[PDB]
Each structure stands twice: as C-alpha cells, then as structure tokens.
Amino acid sequence: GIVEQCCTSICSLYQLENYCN
Amino acid sequence: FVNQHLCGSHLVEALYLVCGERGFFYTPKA
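So the protein sequences, as listed, match chains A and B.
Residue numbers for the first sequence follow the authors' numbering, beginning at 1 and rising by one.
Residue numbers for the second sequence follow the authors' numbering, beginning at 1 and rising by one.
Some hints could be false.
As the list claims (entries may be wrong) - One side only, chain B facing chain A, incomplete, derived with CB under 7 Å: (1) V2; (2) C7; (3) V12; (4) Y16; (5) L17; (6) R22; (7) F24.
What the hints assert, rightly or not - Have a look at the derived ranges for each label pair, beta carbon to beta carbon: (8) A:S9 to B:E21: 24 to 30 Å; (9) A:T8 to B:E21: 28 to 34 Å; (10) A:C20 to B:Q4: 14 to 20 Å; (11) A:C20 to B:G8: 25 to 31 Å; (12) A:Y14 to B:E21: 18 to 24 Å; (13) B:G23 to A:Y14: 15 to 21 Å; (14) B:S9 to A:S12: 28 to 34 Å; (15) A:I10 to B:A30: 25 to 31 Å.
No lab work stands behind these hints, which were simulated from the structure alone.
Ideal Cβ positions, reconstructed from N, Cα and C, are used throughout, including at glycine.
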C-alpha cells in the first residue's frame with residue numbers, strides 16, 4: 001500500500017497521484 | 001517535498017498538497 005511505497009521506501013509524485021480522487 | 005520518506009501526518013500533508021481540490025484517500029492498512 002501507500003505506507004510501503006511512500007513511508008518505508010521513498011515516495012514519488014507518480015505514486016502519490018494514484019491516491020487522489 | 002515529494003521525493004523522500006513520508007510517514008504519518010507528513011504523508012497526509014503531501015497528499016493534501018498534491019491532490020488539491022480532487023481530494024484523496026489515506027488507507028494505512030492496504
């Protein structure tokens with residue numbers, strides 16, 4: 001999930017936008 | 001501010017700024 005991709009590992013704009021509505 | 005380890009309120013803040021008026025969903029357990 002998001003914690004695995006952005007918290008435990010380095011985040012990215014590409015991944016962050018996957019969670020916008 | 002996006003390319004780093006973002007956890008908790010820090011991650012929530014990033015989503016808020018990036019998504020803007022679109023809003024977002026935060027699911028820690030996924």
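Going down the list of hints, with the structure as the test:
{"no.": "1", "hint": "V2", "result": "holds, 5 Å"}
{"no.": "2", "hint": "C7", "result": "holds, 4 Å"}
{"no.": "3", "hint": "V12", "result": "violated, 10 Å"}
{"no.": "4", "hint": "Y16", "result": "violated, 10 Å"}
{"no.": "5", "hint": "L17", "result": "violated, 9 Å"}
{"no.": "6", "hint": "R22", "result": "holds, 5 Å"}
{"no.": "7", "hint": "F24", "result": "holds, 5 Å"}
{"no.": "8", "hint": "A:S9 to B:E21: 24 to 30 Å", "result": "holds, 28 Å"}
{"no.": "9", "hint": "A:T8 to B:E21: 28 to 34 Å", "result": "holds, 29 Å"}
{"no.": "10", "hint": "A:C20 to B:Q4: 14 to 20 Å", "result": "holds, 19 Å"}
{"no.": "11", "hint": "A:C20 to B:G8: 25 to 31 Å", "result": "violated, 19 Å"}
{"no.": "12", "hint": "A:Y14 to B:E21: 18 to 24 Å", "result": "holds, 20 Å"}
{"no.": "13", "hint": "B:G23 to A:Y14: 15 to 21 Å", "result": "holds, 19 Å"}
{"no.": "14", "hint": "B:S9 to A:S12: 28 to 34 Å", "result": "violated, 19 Å"}
{"no.": "15", "hint": "A:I10 to B:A30: 25 to 31 Å", "result": "violated, 18 Å"}
The structure fails hints 3, 4, 5, 11, 14 and 15 (numbered hints given earlier, in ascending order).
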